[PDB]
Structures are given as structure tokens and as C-alpha cells.
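Single chain ahead, by itself, as C-alpha cells, in the form deposited in one PDB entry.
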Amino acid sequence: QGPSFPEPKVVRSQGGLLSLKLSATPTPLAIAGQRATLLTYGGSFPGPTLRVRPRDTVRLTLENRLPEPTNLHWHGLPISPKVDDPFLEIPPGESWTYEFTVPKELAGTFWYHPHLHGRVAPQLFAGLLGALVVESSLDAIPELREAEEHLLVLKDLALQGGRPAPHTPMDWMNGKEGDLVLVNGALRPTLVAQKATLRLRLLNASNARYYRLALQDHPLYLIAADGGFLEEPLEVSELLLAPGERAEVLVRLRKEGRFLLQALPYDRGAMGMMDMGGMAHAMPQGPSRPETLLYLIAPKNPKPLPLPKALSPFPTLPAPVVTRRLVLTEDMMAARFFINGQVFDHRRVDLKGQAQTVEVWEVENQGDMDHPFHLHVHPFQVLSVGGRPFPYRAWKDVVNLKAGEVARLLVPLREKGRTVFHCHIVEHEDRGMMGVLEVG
């Protein structure tokens, strides 16, 4: 009712249970004024938003109707790696039911996508992704309850012949970016705000594109990172979202008008072709061109809410028991990517850690591109990047490292089992940059 805004269909838990059969299938769809056949969950792009409360049971049956094997990664959920199993393969025509309980203190925006090694990048690029929202008691305080809430799934695409464009040799090296920069599967939609305070859940579900988000004439007030709430709102003029990262921001519309949400130029170190330059840039691709993501129309006579004074206190973490060093390196021309000089081998365990202990991980980017590092199953606290302090305390599961940057992460090891860590430029993961952690 009122103005429409494109947003994925929401499926909600009922009486503590979210039970849902989701098919992964090729699907003809309308997209940016054309018809295209994508790979989708539940017949839509993006897939449906699953919305649960803490302590809910999730029983998701994935029915594989693709021509190739697949599986699901529950990105950012601290659940068992025997449920969130990166090594599982669901053959075409077969089904698999994922059953888990939502942890009691969890809150924020998460997502699901394929994680069959070697096929992630084509499958994710083809449209297989969806959001998972864990509601929190904090959503009831007036300063958030009365905000207008929307999910914004940021995902670019490129089509050729009415299907997702194939990966080129350059895509395996740089990660694939597409010419259609979409919001919730729509091109430059318009959001007609009905409240003066907005609460926007942001999800970068792109293969490799970075979104340096800025809203004309407005700061953003960050209230949640990947894995949960900040301790209090943080005002920012702009917000860089790397592939796989999520944020929740409050927007306070002061005046009437139409304001662009843009992805400002960002240079993530991608490499260009043909060596024959004059002066300007050369063969580094250089900064991305700016993109308009959506248009925001403020309500008449807008009066925003006061910001919440506080959000969620961040638990103090015990002293770490071990320090780890993970060096990321690249061989760009072979498009091969390494952690500590090795490529992923599913038969090899790279790190052995103890359940119920805290570790510090020093992840060092000795490449020339940004690499966004992701750890399954165990959310972490970023303490510092490049020797300087992180700007807030919150659970993260992806941390962006620019060339030469070293991140120090506090990693509480929860669930026992074998899981992975990898770059979330998913082409790099497919081409080597993944390793295996075993918790016992």
C-alpha cells in the first residue's frame, strides 16, 4: 500500500519455526526492461528474505533443480559447520534439509548463497542469493520501532543473450563486475519515504564490486555491522561495503527533496589490459565510475526521530590463547591466489584450534588488490587495521584489507568441526584463496 518499492518477499517464522522448501532453479524474469533467465532461489531475484527471531528453528529444504551440483552457505550465522557444511555437495535433482536453531543473542542481517568450491562465482553471479534477518528486542525501542525499514540488496549483473554473462579470463583475475548495478534486482528504483527516519539494511551480494555509499546531503548513522549491533550509533559521511559485508544505518531526512544514493568512485586495485599507455592512468583499471543506486524522496515536512542513545553493549572477550598469521598473496597473470603460499585443498587442514578459546588472527594482504577476508562459523572482532584502531565494536564476519594492510582479529572459537576461511571476491576463492580451519 501507498508507494511501492521493489524488495524481496519475506518469509517469517511462526510459533518458533521457519519451515520452507526452496528450489534452486533456472528462471525467466523481467530485469531492467528485459527478459533474462537467471538461477534463482524460490523463483525470484533476489531470493526470499527469511525473517526469524532468536531461538527459532530453521528447517530449510534446498531442492536442487540446477544442471550442476550446489550447496548453501549461511553467511555470518554462528551455527554448526555440520549444518553450514562448506564441503557438502547436493547433486542435480536431489534435496537437502538444513536444520538449526538461531542463537539467543544474535541480531542483524545475514544472507545465504552457494558455496560449492569451483562453482561459487558463476552460481552467485547468476542470481543465487537471499537475505536472512534476525529480529532483536532492540527493534522495539521507539527510536527504531518508528523508523521506516527496508532491505537493500546490492548486486550487479551483466547479461549476454538473455542469460548471465560468462566469466572471461580477466574476471577470474579481477572478480566479475557487471554493467547493471541493481538494488533488489531493480535498476535505480525510487523510494518514496513515508517516515522521516529510515532504517536501511544494506547487503553487498556482488561477486566483486565495492560500494562506497553516500547519500546526497545526508550522513548515515551506522547502528549495525555484519554480525550485530554497534554499541551506539556512529555518524559517517560515507560507508564502504565490500563484497559479503552488511550494515544497518539510520537515515534522518531533514528537508523535503529527491536525494541520490550513490556508489562513489572506489579503486580496489583491479588490473586492466594491453600495455600501451600515455599518461592518465595506464593498466591499473583505476577508480570505478560513480553509480546512482536509488532515488530517495523525503516525506513532506519531515521531522526525524532522535537517535537511540545506546544500542547493544559488546561483550568483553577473554585473553587470546594463540596468535596466527595468514598472508594473502596473488599471481595475477595465472589468476591464482594463495594463503601462506598454498592454494585450497579440501583434503588439507591448515589450522587446528580449540573450542572455547579466543585466538588473535593477523591477516596480511601482501597483494596489490583489496581482498575481503571471510571466516565461516566464527564471528570475530576487528581490533585494528594497519596498526590503527577499528572505529567501532561489533561482530564482523568479513573484513576488507587494502594492499599491504594487516588486520588483527579477535576470533572466539565456538562450534567444533571443520570449516573454511576465504576471500569474498568469490572468483579468488574459486581460484585458490581459501583454507581449512578445524576446531576441536
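Residue numbers count along the first chain shown, from 1. Take the two forms, superpose them, and find the largest set of C-alpha atoms that agree within 1.5 Å; that set is the rigid core. Compared with the form deposited in another entry:
- Here the rigid core is superposed between the two forms, and of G277, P318, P302, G286 the C-alpha of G277 is the only one to shift by 2 Å or more.
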Given for the second form:
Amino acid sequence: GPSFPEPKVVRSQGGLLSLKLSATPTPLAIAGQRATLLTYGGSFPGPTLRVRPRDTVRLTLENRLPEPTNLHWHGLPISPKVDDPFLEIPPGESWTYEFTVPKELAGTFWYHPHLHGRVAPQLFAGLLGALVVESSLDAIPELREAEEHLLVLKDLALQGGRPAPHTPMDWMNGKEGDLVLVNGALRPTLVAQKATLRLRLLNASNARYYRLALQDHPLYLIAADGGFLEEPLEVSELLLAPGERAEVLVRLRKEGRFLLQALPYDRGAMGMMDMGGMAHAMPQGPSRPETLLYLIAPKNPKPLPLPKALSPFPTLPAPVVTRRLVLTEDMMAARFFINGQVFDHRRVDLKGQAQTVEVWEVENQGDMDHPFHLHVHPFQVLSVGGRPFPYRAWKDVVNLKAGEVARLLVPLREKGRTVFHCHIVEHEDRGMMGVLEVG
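Just the form deposited in one PDB entry so far, so send over the form deposited in another entry.
Chain alone follows, minus partners and molecules.
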């Protein structure tokens, strides 16, 4: 096959993507060894669904797992009656998700389980896939003539030919694995045929962070989680927290081999130590550096000019309310809280009005990084940690380092009951989630 592995693509046909997927334990070969994972569509990652605005998506999920499951259409501004975080599909049963892709939408999204208390083991075991909303902006020459690839960043650990079980420390920290994979492959080689690459990036890991840097090159950020930026933004590195997406242009500068690496990053994971005075918690410190892929440039590379503009970001109406959501931790109990409470599916925590804009101040009073995710209602990050955000784009996950406050502009879209939660999914399962009702 092609030197660079990527998930198989299923495209809408005539305005309709109608597809039956099964969530099933699947024997397969991965990173050179046989293992049984939990997959959608018999593959890890699951198939990439490629659609365009106004398409109808009709996805029937058949649950062939021994436990109940559901889907979260991560990042899609669709009704929470469809993207239903409280629905349960029992083993052996099926459910059809049907929605229309919104007209003003573009980017890389993804799908994965969201059954409270079971997310971390199901996601860790392999249940995820990407969804791409293609845009008319893809036709501008500076993008159309680039070589496009999806990079699904997701780690794994195997024990006895199956995903490794969660330990108590895994529930506290979020589980990371030793196999640090791209598109389910171990350190693949991308032999570029064009000098400009357009890379769609997805962090589909439970908890691992990717401090991305390409040797000898900057990256040009062109999209965040849920839409394009207004113009390309040059960065020397790009941190992708769990659940986040980005799109970058790479302008290969000379012939050669260049490593794409996940550089050392300390997200605050904790270990234990006994030095003669009772066991005490001690920081794990930064992650070890990882090579994600080998990028081979073509001969005599002459990259395309960058696009001068992408998509204007909407001018939002003045907000009508400010909310303050404080994140805290009880590490030794592996319990995690929002405004001092754990999730209760019967309890509505916030009540807002559709078509108004809110300011959300999310404050991390813990010591770990927490990537905060809101379903249904994409937001504009105004500032994090006292620093203004350097671009305007739609996001749906925002990473908070210890002590940091993020200020978000949240337009409320579809009416109904939805959730917000930490996207270290172990923390969600262990309580760090709340309920928003929009009326």
C-alpha cells in the first residue's frame, strides 16, 4: 500500500452519507503485532467520514460490544437530541444518528463513545474515527495544490494481545500508552510528493499531549478545532491536548528527512514515592520525546505561496452573561469537580438562552492540565492565562495549565440539554462534567 497509512475514507454520495458501522472486538495487526481492539468499521482508527455542508448524515451504529455504548459527534454544532450524551445503546442493539451538516462549517471533527463511566476504556481500546467537513475554501489554489493528509495521533498499550487495563493511577492521571502511533501505525514514513503539505491533526488520545514540532521547519496554522483561522499563523511548535484538532501547512524547505516529534511536555501527571517517610505523591515530570513520523521532502522543493486569507471570523453579538466554572482535583481519590460538584445526569448546572452569547471564565485551580470541552456550542477563545489568543477561530476544547483562567465567548446554538467536561476522559468518567440546558 501507500508508504503513509491513513484511514479509509467514506464520502457522501449525492448529498447523503448513509453508513452502517459496528462497534466490535476486532483481531488485527498493529505496530507489527497481533491484537484484538474495539473498532468501528473493523479498523483502527475507524473510517474517516468526508462530507460537505448541507449533506445528510445517516449513521446506524450497531453495538457488538459486551457493554453499552453511544456516539459523541465531537465538535459538530448539531442538536443534542442527535448528539445525545445521555443515550445508551445496549449490547446487540442499534441506533441511527441522522443530522444535516450545518451550512457554515469546515474542518476536522471526530466521533467516539460518550457513555458516562465507560468512556476511558472504550476510547483507549480503539473506538474513534475522524469526520472531515470539506469547504469551498479547499478550492483556492494555495490549498488545492497542497498534498493533504490526516494524522490521527493516538497512543496505545497492549497486554496479552488486548488493550492494557486501567489501573487506579490511570484513572487519576488519564492513561497513556507506550505505543505512540499515527493513524494506528508506528513511526510511519511520509514521502512527500509536493513541497506544500496540508496536514489535518487530531489528538484522539485519552490523555497524552502532543507538543508538535517538525525538525528545521515552522508550521503554518490554518484551522483550529472547529474552523479556519482568518489568515495563516506561523508557529514554531503546536500543542494538541486531548480532543483538539488543528490544520497546518508545511512548506518543505530543502531535500532531506525531517522528524515530526512530540517534544517533552509536563501536563502534571503524578506518581508515588516512598523515601522512608510514608508514600507521597511526586510529579512524573515531562513526557519523554517521541518521534511521530519521518517526513521525506521531494527533490528541489518549491512550496506554494501561503494563502493571504482564509475565512473571516463572525462578529459576535455582545454577551448577556458571564459564567465562572472552577476546576479542582482530589488526586488521591481520583475525583474531579466543577464548582465543587461531580457530574449528576439529573442535575442541570447552567441554564442559558439560545441565540445569545455568553462569556465563560473557566479556571483551573488544580495542578494538572485540564482540556475543557463543551458539546454542541463552539466557542471563541479570547485569552488563556492572562494572554490574549493570537487568532480568531472556532474551538471546542481549550487547554488550561495549572492556575490558568480561559475566557471564552460562547454563542448558544441548538436548544436542549448537553454537557461540558474535561477531555482527559478518565476525569470525565470520574466526575469532571456538568450539564448545560439551552432554551
